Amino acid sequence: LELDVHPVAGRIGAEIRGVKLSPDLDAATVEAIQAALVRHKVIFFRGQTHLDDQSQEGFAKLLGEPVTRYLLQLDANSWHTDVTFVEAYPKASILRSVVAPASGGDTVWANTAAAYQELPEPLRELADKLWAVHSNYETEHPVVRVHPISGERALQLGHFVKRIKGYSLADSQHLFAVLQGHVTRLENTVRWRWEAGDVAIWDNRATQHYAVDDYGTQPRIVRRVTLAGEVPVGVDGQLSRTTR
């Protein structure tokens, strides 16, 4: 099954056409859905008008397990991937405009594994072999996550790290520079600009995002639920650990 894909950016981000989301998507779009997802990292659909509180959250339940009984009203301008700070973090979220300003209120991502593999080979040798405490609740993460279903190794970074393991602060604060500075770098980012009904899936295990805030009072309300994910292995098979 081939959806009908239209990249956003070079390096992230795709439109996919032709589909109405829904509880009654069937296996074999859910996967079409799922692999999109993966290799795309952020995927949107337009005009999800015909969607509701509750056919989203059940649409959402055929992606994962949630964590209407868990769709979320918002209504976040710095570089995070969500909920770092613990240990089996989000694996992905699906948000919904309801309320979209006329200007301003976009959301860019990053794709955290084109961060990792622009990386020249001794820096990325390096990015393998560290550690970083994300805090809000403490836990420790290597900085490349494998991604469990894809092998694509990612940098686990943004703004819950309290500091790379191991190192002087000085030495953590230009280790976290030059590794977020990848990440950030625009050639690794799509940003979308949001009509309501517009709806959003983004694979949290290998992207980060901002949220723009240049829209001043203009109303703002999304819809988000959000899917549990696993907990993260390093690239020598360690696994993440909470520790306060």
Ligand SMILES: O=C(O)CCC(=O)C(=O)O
Second form
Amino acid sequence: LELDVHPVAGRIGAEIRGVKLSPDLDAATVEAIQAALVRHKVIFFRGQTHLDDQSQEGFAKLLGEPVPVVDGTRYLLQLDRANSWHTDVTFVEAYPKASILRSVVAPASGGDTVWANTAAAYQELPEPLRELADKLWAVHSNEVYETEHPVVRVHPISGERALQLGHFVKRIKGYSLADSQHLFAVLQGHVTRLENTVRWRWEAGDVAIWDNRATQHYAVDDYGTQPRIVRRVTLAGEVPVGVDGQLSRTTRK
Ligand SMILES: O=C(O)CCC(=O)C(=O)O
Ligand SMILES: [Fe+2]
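Moving from the form solved without the ligand, what structure would you give for the form solved in complex with the ligand?
Below, the chain from earlier opens the complete complex, with every other chain and molecule after it.
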């Protein structure tokens, strides 16, 4: 089955048209959504005005296992300011594989979200720099969790390698602070290079789904006191596997 798919930016992002999200989508549609997701890293559905809290949660269960919630859902989180580049929850070992985020109230101006393609960012590194990234490990922390992840993760479905960095990174293991800072700045600078990102301007009823294994994202905080309300379901992810087959591991509480 071929969905009606319209790429947004050149290296990440696609709008999918003609699909009404619901718990009742057939297997072919769900499979084609999962494929578009792995390929485009973040996908968008507009005009999902029929999707309510329960229906978002039921749709999400088709994609994976959902992990103070919106009444009465079990898993639906309300957010109403993440203006830092990050991959969700990387201070834990098995961080989410995806989120499904719906716009409930969208500011008339401002309020965008930006995603970065961390697999494209890895691939564009000159070979000796990829080889270096293949060997590095970083400590990610919420400061109380600390987890050591490889800097390069081999995606469990696509096999594409992706940089695992972002705001939760405390330091690159085995380096002085200064070296850690330079090396992070180089690799993270490839992630957020404009060519590797797509920016979405939200309208009420927009839903975005992103592959948290191969992206980072940033919520633009330019909308002042204009209300902004989004609702999110997050899907359980796997323990990252590095290029040499080694696994992430939690090192503190
Ligand atoms: O508010 C957004 O647009 C994204 C917020 C965020 O980082 C998340 O929900 O994981
Ligand atoms: Fe986030």
